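Just one protein chain is left out here, and the rest sit where they should.
A and B label the chains in the order they appear, each numbered from 1.
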Amino acid sequence: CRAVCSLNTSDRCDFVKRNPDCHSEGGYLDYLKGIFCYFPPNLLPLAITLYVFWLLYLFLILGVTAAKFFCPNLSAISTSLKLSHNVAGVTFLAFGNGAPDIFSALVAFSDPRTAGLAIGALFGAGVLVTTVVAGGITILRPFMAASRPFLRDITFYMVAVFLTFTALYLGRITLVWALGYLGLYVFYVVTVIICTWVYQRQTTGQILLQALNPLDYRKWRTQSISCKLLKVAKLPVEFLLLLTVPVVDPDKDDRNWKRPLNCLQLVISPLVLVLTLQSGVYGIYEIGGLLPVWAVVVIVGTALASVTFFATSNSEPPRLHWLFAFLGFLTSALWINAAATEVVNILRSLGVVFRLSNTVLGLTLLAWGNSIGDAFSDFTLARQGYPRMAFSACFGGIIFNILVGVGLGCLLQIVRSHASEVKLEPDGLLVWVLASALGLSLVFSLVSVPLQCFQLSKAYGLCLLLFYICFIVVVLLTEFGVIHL
Amino acid sequence: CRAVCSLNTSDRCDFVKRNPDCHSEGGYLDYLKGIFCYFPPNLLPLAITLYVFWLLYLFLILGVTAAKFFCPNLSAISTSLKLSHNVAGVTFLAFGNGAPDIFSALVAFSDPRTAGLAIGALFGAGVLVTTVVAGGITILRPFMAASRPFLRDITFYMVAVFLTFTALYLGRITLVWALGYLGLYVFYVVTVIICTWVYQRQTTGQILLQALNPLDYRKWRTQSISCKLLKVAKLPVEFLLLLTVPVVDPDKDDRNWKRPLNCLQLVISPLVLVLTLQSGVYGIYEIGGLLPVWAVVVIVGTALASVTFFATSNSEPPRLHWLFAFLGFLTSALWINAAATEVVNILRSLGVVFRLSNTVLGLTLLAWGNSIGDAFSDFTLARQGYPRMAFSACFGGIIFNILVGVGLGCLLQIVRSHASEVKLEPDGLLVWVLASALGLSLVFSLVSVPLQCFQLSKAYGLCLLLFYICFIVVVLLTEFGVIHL
Partner (left out) sequence: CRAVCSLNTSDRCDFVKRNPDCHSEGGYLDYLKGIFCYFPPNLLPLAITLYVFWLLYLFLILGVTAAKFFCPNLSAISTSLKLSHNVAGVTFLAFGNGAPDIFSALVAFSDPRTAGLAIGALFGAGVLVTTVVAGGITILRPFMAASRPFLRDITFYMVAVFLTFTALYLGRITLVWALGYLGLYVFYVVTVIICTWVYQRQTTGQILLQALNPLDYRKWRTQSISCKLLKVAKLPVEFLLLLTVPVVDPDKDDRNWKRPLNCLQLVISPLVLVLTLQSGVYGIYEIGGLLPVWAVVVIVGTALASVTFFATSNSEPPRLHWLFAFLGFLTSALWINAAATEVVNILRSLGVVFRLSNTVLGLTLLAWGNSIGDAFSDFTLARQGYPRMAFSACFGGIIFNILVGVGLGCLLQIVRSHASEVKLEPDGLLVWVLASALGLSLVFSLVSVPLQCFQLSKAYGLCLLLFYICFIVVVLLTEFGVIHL
């Protein structure tokens, strides 16, 4: 595929249409076809810009679904769990800030050609969240960090980073390695729980229309008009997400019980699940050569919706209300998956056009897109007067991200392909530099925080920011071939 | 010329005397001839050291003429123009920058062989003043920086830097590009004015001999004798300036009216103007084969001086006193020009001897020499209790420097040579690194200042200083060929 830019403009469409390598196995849109066939060559740059804009919008979706629905379903599950809030919070951070990272890594690992992207998505994020975002917190609100939790988190992160480093050096990932990764993560969770325990011991239709609306005019008037316009674009996407994903909030006395809305959703959610799973391949499968799956799915869904609507009341939620959250969980995750897939495809297309390495795309665009949610949530938490929790999560979430993403992606690739091993092909020297940078950053913290007696100030954040700038300098020099063995 | 160091010592004088390329088109002294003919080879190092000392002294002149006479004439013009003082002060700061940076850039661009020097003079200064000098202010007096002016200045500087970056990548400068540069600068000035308006709305001979002396005995008495000896060397240069350049001070009730001194100056200033313009080429031109220009110039000057002396009184300045400032402007600028030329020539000579690239000389010696005045003025302003003005000027002056210098130099080169374009030949990889460094510095500020809520502290200055040290490390490695594609 990469030779496409070296051919005449009159043969680009034929080469793209004829080469199997130039076709993506998953997704709804063929971006390369749009670049090289739908648009004239003279408008080639603008189109790319448009793609970037589209890419950014995707990440916005990956934010909202992660924060308002995945987390709400997780919170309802947590209330059923009655888990300790600190234990729930460690689970929540992976559920909230790191879910897009896991789904992007899984989608990238699903195809060997994008495998180099996946690691580039992870380590680069580890470089960013550790250096910029964490540093930003120390700039916004100086505070005193807890000693023992910080030491535990940094030690576990160092162990995970070294394990992935030696795995990359070995050039392969086996099934037992992924199982060990998952075991290490569950060990970390159990250790956190045990340490915390030890430390502690020592009209109705009009109301439905208002619920349907994602925005309030008085709230919009309060909101800055430019902010409101950005919110309005988000609201249409949010309304579409609401039109399909149920949310269960244990903090509400009514548990967000909307009888006719949820009765419609018992039909809507199975339909979108079937039509979106595996890009809808299961959707058009025709049973016995007569009836498609989607028709019988819709029939069963409307029958169940009618039964539930006639079997329940608008005043008292049904005893099986919690099961809704389970559905509100699954579809939500699936939605994120779909979005993740699109992003990966777009990046691959760019790699074809600009002849860029997969690692550069993984550590620059995908990392920023996946960490924008981390940045927003952490800055909001720090500004509101809780810097300790934000800083603790800034290291807690990255360990969960790396371990769960790598382990789950490798496990699913082993199971699906019936292969005994995932081959990691290191894209030249650059990848090593990336790993090196990450380790260095940790060393700085491992010396900087204890030397200040755990009282974090502004200079620490400024130094971390300058470190990230130097890292991007080194990466930019390495990419353009200025330094080369 | 560069092969001179590869020849036998017995042929160096002949090669220098015979090669047209080894001769400079402008200046009063042939430095290469002095290095290779006047002095014996065994004293080659000492001579170079002497040159460096001489070079430093030139920059001292470039300081004084910029601060005491160019600015004073501008201040009188500003009172006549009745322009707002803050706008006038930015113009005065630009005039001070122009004497030290615009004139050097113009002289460098006047000759293609030194063209690479000019850009090296600009970007390097942008690296220095932004990193060291600005940082120094934050070390001397922590303060709170204004938000909107800082954002406006940094945005305009980023736009100018990116424009010059793409111009360098294109490898050429056209006439329309220089006109666009000048239009952008005038747009920036108009925008500053409009924003400020919107924000605000929302014996007599013995006395003449005393005036002739440049040092106040009382002030000098307090000053250290070694400092006074340095001041005395400056005072002789100041006396030469007082001797030839008139100064009009609107703050003085008498407007610095010295009737016989100025009557002598009406003869002195035209003579030095004619004898110095274009290295005096117009001076020896002989009219009609009988009379040189300088003789008739002196005759007209003494006639006008006698008329003015007999037509005015020592108590009341004449109605046309302001016109004096105009003269006191022009000659002053011309004086700076002469000094600038010398400096450039010296640097070129060194490039011949040490086989050094033009960019290294531009970003190391010329940048420091041109920015010593910025450093002194900004540190003096910060120490006196006005850090906000100094920090604002630290970014305001650089935009004016880059835009006006590049635009005016390119425009004058197009007009003089009747060529349609100025060719920018990038001296290898190093120049790119220089540009990169500048951009990165801005990014740091663009993240560092807002993250601190515009309250600048000591750590910011220390980090900027360390950044400049790292930049000089990279430049030193690049020059000596340690890193090479």
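Everything below uses one rule, namely that a contact is a pair of C-beta atoms (placed from the backbone, for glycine too) under 8 Å apart; a residue touches a chain by one contact, two chains touch by 3 or more.
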* Asked: Quick one: which of B:161, B:414, B:463 or B:475 touches the chain that's been left out?
  -> B:463
* Where the complex has a chain not shown, which of B:190, B:453 or B:476 is the residue touching it? -> B:476
* Asked: Looking at A:55, A:304 or A:470, which residue reaches the missing chain?
  -> A:470
* For chain A, enumerate the residues touching the unshown chain of the complex. => 429, 432-433, 436, 440, 443-444, 447-448, 451-452, 457, 459-460, 463, 466-467, 470, 483-485
* To do: Could you list which residues of chain B touch the chain missing from the display?
  => 136, 139, 458-459, 462-463, 465-466, 469-470, 473, 476, 482-483
